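Visitor: Single-letter residue listing:
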Amino acid sequence: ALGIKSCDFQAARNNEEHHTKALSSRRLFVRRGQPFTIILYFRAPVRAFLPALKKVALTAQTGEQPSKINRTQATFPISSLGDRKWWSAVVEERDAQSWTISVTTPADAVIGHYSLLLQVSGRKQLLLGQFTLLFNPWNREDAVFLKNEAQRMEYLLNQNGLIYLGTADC
Amino acid sequence: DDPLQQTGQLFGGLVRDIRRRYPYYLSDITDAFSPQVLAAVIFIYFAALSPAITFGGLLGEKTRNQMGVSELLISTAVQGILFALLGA
Ligand SMILES: *[C@@H]1O[C@H](CO)[C@@H](O)[C@H](O)[C@H]1NC(C)=O
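Going down the list, the protein sequences come from chains E and A.
If you count the first sequence from 1, you need to add 3 to reach the deposited numbering.
If you count the second sequence from 1, you need to add 368 to reach the deposited numbering.
The set of hints was computed from the structure by calculation and includes no laboratory data.
Hints are supplied without guarantee of correctness; some may be wrong.
[What the hints assert, rightly or not] Away from chain A, derived, C-beta distances all over 12 Å, residues of chain E: (1) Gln-68; (2) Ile-72; (3) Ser-82; (4) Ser-91; (5) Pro-109; (6) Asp-111; (7) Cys-173.
[As the list claims (entries may be wrong)] With the Cβ distance kept under 10 Å, some of the chain A side facing chain E (calculated, not the full set): (8) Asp-369; (9) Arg-384; (10) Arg-387; (11) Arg-388; (12) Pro-391; (13) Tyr-392; (14) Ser-395; (15) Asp-399.
We put the CB at the ideal spot given by N, CA and C, even for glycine.
If we strip away everything but chain A, and leave its shape as in the complex, we get:
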């Protein structure tokens, strides 16, 4: 099975990928009980928070404070949870 291929059906890639991936949902749920996952979480938390604050400060000082740090943080959280739940 190829993840990428031309299919003569409209939206064929979407259905092919969902049927390829989604039966692994319980496996994805169960494989996260190791402490290495906790270490990765605590690492990536800072690794993603620091560039967020830096870019938020620069962006806020650039656009006359119309959009700032809190908006960037909440947006990052929103697509993070959404992509974690519904991502391939």
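Chain E extracted, bound-state conformation:
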């Protein structure tokens, strides 16, 4: 009785919050260790919430040969409570036809091209979209974390640089 119409990755909304606005405005580039909000659209209104919440989960896949031993595959359900330090997803806003999910990512994950899949209890998995994961100096739990803000502006978001040539005198 549940059918997913389409998923909307709010790229133009969270791309500026992730400081990736200059990179794209249609593709979704996200930084590790930071939650991002997406929207799921149903085909028909849900009769009950929690039974429908129980039987659906979603996976993240990356690499040519994904596995749970290389940390290149992850599976997690749509739950209202869970560990915020690992992969998780909580519904922030509920509509008759749409849900707003806020996915969270661990501060230590493999970078590369990712793909999101959804699994129904009976039906097969369906691909929702693709996104890319990158390091960020804005996260306190990341290995690369810059305390200053102007240094972040100069060393990461700047595209115009200077190269010094000549002798030591001039």
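Fit chain A with the ligand to the supplied structure of chain E, relying on the hints for placement.
Guide: Frame of chain E; chain A with the ligand shown alone:
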């Protein structure tokens, strides 16, 4: 989802098929309000009654009337209602 597949769990196909099918019970109930269903019913009634009587007569005359037409008819009704209620 494949209706047929090897699953390493005992009675896996049963549970997989029931969870695949049974949430459509109200849809099965509601989709039967068209007159085409009535036409199909009136057609299949004769289409199933006539071979039943023919086979019942031949079977009764074959087994020295130990089992005849009424037994065949009531059995046909019993598994018809039961399979309609509990079938996939
Ligand atoms: C019913 O069975 C008995 C016992 O064999 C038999 O004598 C009789 O003819 C049968 N009745 C029929 C065939 O109408």
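Visitor: Look at each hint and say if it fits the structure.
Guide: Right, here's what the structure says about each hint:
no.: 1; hint: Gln-68; in the structure: holds, 22 Å
no.: 2; hint: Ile-72; in the structure: holds, 20 Å
no.: 3; hint: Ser-82; in the structure: holds, 21 Å
no.: 4; hint: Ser-91; in the structure: holds, 26 Å
no.: 5; hint: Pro-109; in the structure: holds, 31 Å
no.: 6; hint: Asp-111; in the structure: holds, 34 Å
no.: 7; hint: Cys-173; in the structure: holds, 74 Å
no.: 8; hint: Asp-369; in the structure: holds, 5 Å
no.: 9; hint: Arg-384; in the structure: holds, 8 Å
no.: 10; hint: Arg-387; in the structure: holds, 5 Å
no.: 11; hint: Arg-388; in the structure: holds, 5 Å
no.: 12; hint: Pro-391; in the structure: holds, 6 Å
no.: 13; hint: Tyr-392; in the structure: holds, 8 Å
no.: 14; hint: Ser-395; in the structure: holds, 8 Å
no.: 15; hint: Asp-399; in the structure: violated, 14 Å
Hint compliance for this structure: hint 15 is the single one not met.
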